[PDB]
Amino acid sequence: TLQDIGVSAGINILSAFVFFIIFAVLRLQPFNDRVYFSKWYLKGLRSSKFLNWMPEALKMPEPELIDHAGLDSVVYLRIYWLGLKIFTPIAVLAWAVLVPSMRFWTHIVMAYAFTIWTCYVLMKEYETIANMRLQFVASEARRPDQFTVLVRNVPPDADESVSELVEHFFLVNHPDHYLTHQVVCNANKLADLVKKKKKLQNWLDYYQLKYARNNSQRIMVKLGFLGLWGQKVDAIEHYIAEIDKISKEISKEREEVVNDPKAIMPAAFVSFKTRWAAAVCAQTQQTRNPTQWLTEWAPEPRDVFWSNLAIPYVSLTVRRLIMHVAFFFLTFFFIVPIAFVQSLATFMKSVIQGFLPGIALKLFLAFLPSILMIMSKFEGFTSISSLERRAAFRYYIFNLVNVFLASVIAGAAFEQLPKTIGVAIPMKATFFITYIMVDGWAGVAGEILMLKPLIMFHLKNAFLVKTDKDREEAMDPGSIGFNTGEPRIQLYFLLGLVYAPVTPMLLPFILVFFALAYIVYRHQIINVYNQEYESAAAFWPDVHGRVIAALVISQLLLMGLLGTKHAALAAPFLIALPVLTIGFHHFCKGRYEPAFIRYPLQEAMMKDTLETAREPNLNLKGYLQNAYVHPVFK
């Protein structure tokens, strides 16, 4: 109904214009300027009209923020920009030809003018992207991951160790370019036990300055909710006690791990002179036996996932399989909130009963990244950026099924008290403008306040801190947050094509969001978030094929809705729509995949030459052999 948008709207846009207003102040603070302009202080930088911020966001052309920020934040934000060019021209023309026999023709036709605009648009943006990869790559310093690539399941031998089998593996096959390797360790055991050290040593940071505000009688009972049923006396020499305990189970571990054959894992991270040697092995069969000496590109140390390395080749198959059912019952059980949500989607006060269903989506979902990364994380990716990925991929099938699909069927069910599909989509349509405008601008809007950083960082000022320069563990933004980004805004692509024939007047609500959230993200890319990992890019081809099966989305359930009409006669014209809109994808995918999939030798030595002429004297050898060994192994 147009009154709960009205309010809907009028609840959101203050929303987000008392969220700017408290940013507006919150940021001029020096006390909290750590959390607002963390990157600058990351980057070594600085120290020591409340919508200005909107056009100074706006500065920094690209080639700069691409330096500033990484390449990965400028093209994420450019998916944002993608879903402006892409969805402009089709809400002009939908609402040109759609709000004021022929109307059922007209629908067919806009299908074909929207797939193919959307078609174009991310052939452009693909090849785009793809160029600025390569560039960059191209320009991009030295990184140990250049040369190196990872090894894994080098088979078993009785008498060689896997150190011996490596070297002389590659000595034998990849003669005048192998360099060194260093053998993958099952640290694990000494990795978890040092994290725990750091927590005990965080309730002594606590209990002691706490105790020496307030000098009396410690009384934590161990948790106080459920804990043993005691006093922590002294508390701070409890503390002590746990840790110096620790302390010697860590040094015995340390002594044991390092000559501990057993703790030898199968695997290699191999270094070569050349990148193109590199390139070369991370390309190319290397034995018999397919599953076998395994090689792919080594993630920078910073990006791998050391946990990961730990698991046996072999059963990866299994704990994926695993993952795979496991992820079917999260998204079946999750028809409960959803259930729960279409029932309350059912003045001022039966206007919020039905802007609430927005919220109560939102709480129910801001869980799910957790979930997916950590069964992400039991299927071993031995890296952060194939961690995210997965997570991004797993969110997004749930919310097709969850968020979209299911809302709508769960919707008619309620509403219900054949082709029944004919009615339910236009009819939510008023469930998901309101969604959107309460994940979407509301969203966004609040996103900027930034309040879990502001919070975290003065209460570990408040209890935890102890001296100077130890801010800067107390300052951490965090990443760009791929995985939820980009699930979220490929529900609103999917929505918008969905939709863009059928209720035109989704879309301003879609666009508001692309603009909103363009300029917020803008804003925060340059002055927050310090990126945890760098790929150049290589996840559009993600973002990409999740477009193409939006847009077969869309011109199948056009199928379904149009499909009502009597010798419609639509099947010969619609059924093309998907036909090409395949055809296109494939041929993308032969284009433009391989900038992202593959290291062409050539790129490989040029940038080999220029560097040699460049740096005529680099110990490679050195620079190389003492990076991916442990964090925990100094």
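Positions refer to the first chain, counted from 1. Rigid core: the largest C-alpha set superposing within 1.5 Å between the two forms. What changes on going to the form deposited in another entry:
Among the candidates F334, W293, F404, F169, displacement between the two forms reaches 2 angstroms at the C-alpha for one position only, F334 (superposition on the rigid core). Relative to the superposed rigid core, the position of the CA of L620 differs between the two forms by less than 2 Å. Core-superposed comparison between the two forms: the C-alpha position of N32 differs by no less than 2 Å. With the core superposed, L610 shows a C-alpha displacement below 2 Å between the two forms.
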The other form holds:
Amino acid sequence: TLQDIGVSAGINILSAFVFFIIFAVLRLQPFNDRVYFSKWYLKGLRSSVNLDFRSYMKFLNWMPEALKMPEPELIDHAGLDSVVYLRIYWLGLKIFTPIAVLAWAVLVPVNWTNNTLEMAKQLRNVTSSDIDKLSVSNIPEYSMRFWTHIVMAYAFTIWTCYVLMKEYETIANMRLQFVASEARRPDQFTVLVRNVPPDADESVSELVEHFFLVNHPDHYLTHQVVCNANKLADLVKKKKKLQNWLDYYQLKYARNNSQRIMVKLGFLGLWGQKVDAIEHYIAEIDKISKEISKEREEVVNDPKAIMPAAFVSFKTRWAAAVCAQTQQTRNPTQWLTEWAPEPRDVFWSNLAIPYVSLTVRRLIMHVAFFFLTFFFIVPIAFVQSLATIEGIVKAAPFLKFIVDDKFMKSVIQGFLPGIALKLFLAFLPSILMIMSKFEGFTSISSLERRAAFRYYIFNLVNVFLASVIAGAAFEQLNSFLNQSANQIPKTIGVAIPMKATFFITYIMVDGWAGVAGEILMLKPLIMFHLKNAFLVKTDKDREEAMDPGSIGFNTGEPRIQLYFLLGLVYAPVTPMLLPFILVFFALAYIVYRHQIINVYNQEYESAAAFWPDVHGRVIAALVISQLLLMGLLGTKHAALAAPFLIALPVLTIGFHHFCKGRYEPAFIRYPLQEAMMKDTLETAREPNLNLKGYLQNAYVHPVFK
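If the structure you just shared is the form deposited in one PDB entry, then what does the corresponding form deposited in another entry look like?
One chain, no partners, no other molecules: that is all that follows.
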């Protein structure tokens, strides 16, 4: 089967190169913009017949320079978020190249010697033609060779810890080098104040003014109070639609006047009567502007519509950090102050939630997520069993009998049990985001981090265990509740080696296909070129998210974390996974890198704040691998193996706490020394400027233009 696994790997990787070579269709085809190639439009890098000269690019024109770019240049090119979200793949490569080489060179000799040693079969074809069981399953039960495996785990853990520390430090520095060296972010001068207490007869702005004038003098440039502006929101959306229509009309008329074609409201007939179709639109523009002026200034100064919150902006980064990192009032749930996110980041929907409501919602949704993940299968199984092809017979399917069906469509109709499951798994990121938004979090970044954690846990349970143990998740939970605390590692560890090869197959299929497509799939082409004729036109109306808002940290960090888990679990047990997984990282660190160059924007941007999240998951996967190896070595009766492999997770958790205490605070909480240096430098560079004008207009709302 070793020959078979080599051949299957070759076929899959050759299909990978085939997708990479159909990637060489762009820049030869007419209009040469299949991948939207946002490079000049990503951050407006220049925004605002074709028979010869092929020149045979041979994909050499993109392959090396995705590596040939300075890294600060990449940071300014895309942002610290995306550079770190590629440094995650680079990290994974750093974990699994030395582990791979050392694991092979030490285990595989020691591992594959049980039959005999120092023989003449090395030159024979039996060297590389037998079963691919040069894994821990080859060693007899009580042989001392198992000791080697033990030490390898230690080494691997230590090595992983090394990079996980070094890596961590690196990203920390980068975030700091991001905050100190940047150009005029309003969020550095602003603090979100939440849950101010009601007063008898005093406007909320009056409360905030008095409170932050008494308690934060010498500072407190200004403050913006928040409000529920729903009418203004729909009106400005209508204004944006009208603006798009007017721009389209003007462009068409300049392209072709058509003797002043006046067509409007022709669908309704008598309504509109198609008077002028130009003066009409400017009429709605003027009208909309009128009620926005009339009501925009009215909603701000009225009660029963001003929820308790504000974005207080200060005169100094030092002062803003001071107000953000302290608590103000005797009640720790009143006058909450936190570092204001980027104005783009803010989640304006959840700034009016009392503390008791927060706690209630968090408990409700923790229970709900538990019930979701552990009773994953019951409702979808029920509905799929209800959705039967024989039970769907009705008057309409009379023309849709088996006579015309089942030809090329029978695959989907027979795979419908998989269709319902795939439907739910496709909605799952959305369910996790909804459950995150319900428990108010106020910042898109925190929403994404919470959804990433929920997805990580759900993905762990379902994918990992349902791959390793029997089918249903709730019965698996019941069984694990009815096994000893010393039996769970034993059963999962003993089940690992047979699923080794299935995990090899999953790595190739899922990971390799994902990265191979990720350069360009059906989906981006079929959305963009269809939206070409669907929404407005080819590419105008820059109020749109067809170009991806952000490469998913919500979705995608959990997947590569799962691959971390596979790599760490199978390093001491069956190292045959360990080369294949490497290739995935390799290709990933290419594709997404090049992808980060060309087609991804930033929906928000918060200084790689998510990294401690990732680091915690890597430590968790490492501990899981150590526990499963301890269980497996417990099953295959060895020397004292439970003590070593149970003391190792303790050391891993201790190192995790060291990292969580040392480098982690730099990702949430802004040092005073850095603020003081930046403020002194800013005063030296620009000795005069009106900060008030630049500040008290960035945290109003997106609706208030």
